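The full complex has more chains than appear here; those shown keep their coordinates.
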């Protein structure tokens, strides 16, 4: 029997585990330490969650090590590993409303969006990677023969072993799922650190691994701080790979910690300041819809959000006019209400950062067309914001807001290379977009954009089969697609002479 | 007109550049600083070589950046890039006797071996990777469709950009070639730091890039110290990838430096303590020949060298007797003499370490069967060495010698899992081997060995098509084969809606 926080909400009964998950059981942290998790809709405490300590990290890693080296997970067929992951996806689907409701409470995710994305994409991710298990293949290689003898060379794709996953708060279940699904499909075991502010779907997911029959110790979950729990994971001599998602500055630190301990493998999914270039020959009404989505999707708490819009001179004023018209139509409110399409920011400190961000934009001389403030209601709601007359040297032209702030610059009619130069003038390189009906412009621009993803006449169109990762200081390694598996596999070369 | 150090040796007239190679020209370092490169056969100075300074690194990176962004290398077809690399291999082959002679002088490489391996494999490396240029392919991916609209998702494989390569001294030209060929095949430009003690084949290679018509700035070479030149390469804001080969401890520092600057990508080819397990049912005479090769090849200056031999009890004494017999037949001498089997160690500091290594092995109680000493002759020669009665707790059971020291332990008749545990009880995981006629043992042992390469009834059988890289603290990433290309490529995902 597991202890739950129980809550009647959204036409169901939530049963939320709140403890650490280690070796297939929910357990208190050392000293029974706890912290409060906060509902961004009203600022209330949802419940108390165990606060993992260093000794809890060591217990989690030891359980993962034992599960990998001696448990059933390391013994079963890849096909049967696949079956278990497909079953886990099924169990997640059976609990989809509950999961999406927890995400609405914990992260401020609009419930209808959470059902399709936060939860829906997580389910797709597990099903996708479950199909990879028995299709992960090595090679046989035609090497030079040591005549008069013969040689056979093959490669074997093997698991890396114990992995650590450290993730942010914007899509709590989805960020966990991207990495966890690829990690488990490759045959590894894992210790996961959700962002401290958003532990609840991670702990519910943990319970679901029990319902699915995932062997004890394969999945371990440690609500807690990066500076304590995350650090220890990065430092641990039995951890062999870290999958990290978060800010560029913490990514640098994580990579350093991997180096100094045991040169554990690392992937880094970091910040972005993604440019969206909108040409005059696009479909304008569609550009407004997609451009708004590129910024405002999930209250802007979206790594790939367009952090800069470049709009061709001749359509700029009309584009801005239409955006403002549509922004006024947005329904801001409780993420559980069906008419809501703009939920609260994830937590109070982030709301404060956004308010300060827009003050700097005003101070430095950008035109605040609308928004810029907290919405005067309970919780941590921020107004959908539009800036114009943004110049390349401005702070808001350079810094990632990670909020619902559309930051608009002009470019001269007929310019192409000039705007590309401006769009590429960043140490980030996560995503980018271009709206145009012109085939030649679209292909040329996608060639020249210095970013890991280029959207053409769309935005936010991610897919579990399509690899996702950045260039430059947005990091390296992929989530999603076949490419993601490579972060969680090692290649052993075997060479015979006969 | 290039300045050479001219030398008449080995029935050739060597013409050796000695300056920095920056932007397609040989130039002096800042302040015309130089250092001496030492011939390990007699301890004499070969010549003075330019000593790169920080401002020289900045010039080399600037030249590489220009070559990539604006030069011809970034504009030509993949097919034509391949043609240039195949021409480069042809030029290397035209100069093969000269290159092997330089390697004999600089590194102490036995000339006949340098023709086949140090230089021979370097030529094969460029030809192999030349073939990859127009065969590097992205993907088209069947993503979910945004109905009633359609989506197309593709990936493009692109160059990473400016790379730094930092290498050691054991196979100076070949270590350079592995990384350089894959790096250039993928369309990058490069700044190479050879090991300070072995700059000469790198500088001759530089001149050969001119003969082959590699555009200026594509290849740049900076003899100098790791703590100065290598450090700056790892720190540089315009460098996007470091390919590193060296010790585990420097690898840790390199990775930290990549992290702290601009999270540049990194590959780490580090140290080894590779186990070779020899069962009683092997071919004994072959096991002796291959066992000796596993240790003594290239005077033991071989990262994959077997650093422990485990020999089954019933054949142990006969194995040792036969090795001693064969060791006594080895001809130690000038690497340029055709009858030489065993050349000098690479440099004096390394010889000193090997002497100390064997002193400690005797101190801690291992049986010194033969060798262990500097050979009484000029230069830095070390006697092929055999230790027996080695126990798992001993320093020589744990520490990488990187010299010609065969380190032998017994295991009990029939004790497969037990010997495997002993073989795996190391934080290294570079290579390994097993000698047995039994198919079931061979396959089971190769599954269980925790190493990036497993040799079965052979050793030292590397091939330009077979990926090479370690596990655990032997690093990550691959040199050679198709896999090596992934270190020098980035994947861009392009998603259309239409």
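In this document, chain identifiers A and B correspond to the written order of the chains, with residue numbering beginning at 1 in each.
As a convention for this text, a residue touches a chain if its C-beta (ideal position, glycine included) is under 8 Å from a C-beta of that chain, and two chains touch if they have at least 3 such contacts.
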item: Complete complex - number of sequence copies, 2 represented; value: 4
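Everything below uses one rule, namely that only the chains that are shown with their structure count from here on.
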item: CA centroid of subunit A to CA centroid of subunit B, Å; value: 37
item: Residue numbers on subunit B that touch subunit A, as the complex places them; value: 139, 141-144, 146, 151, 153, 155-156, 240, 248, 251-256, 258-260, 262-263, 265, 268, 270, 427, 442, 446-447, 451-458, 461, 463, 465-469, 471-473, 475-476, 478, 481-483, 486, 490-498
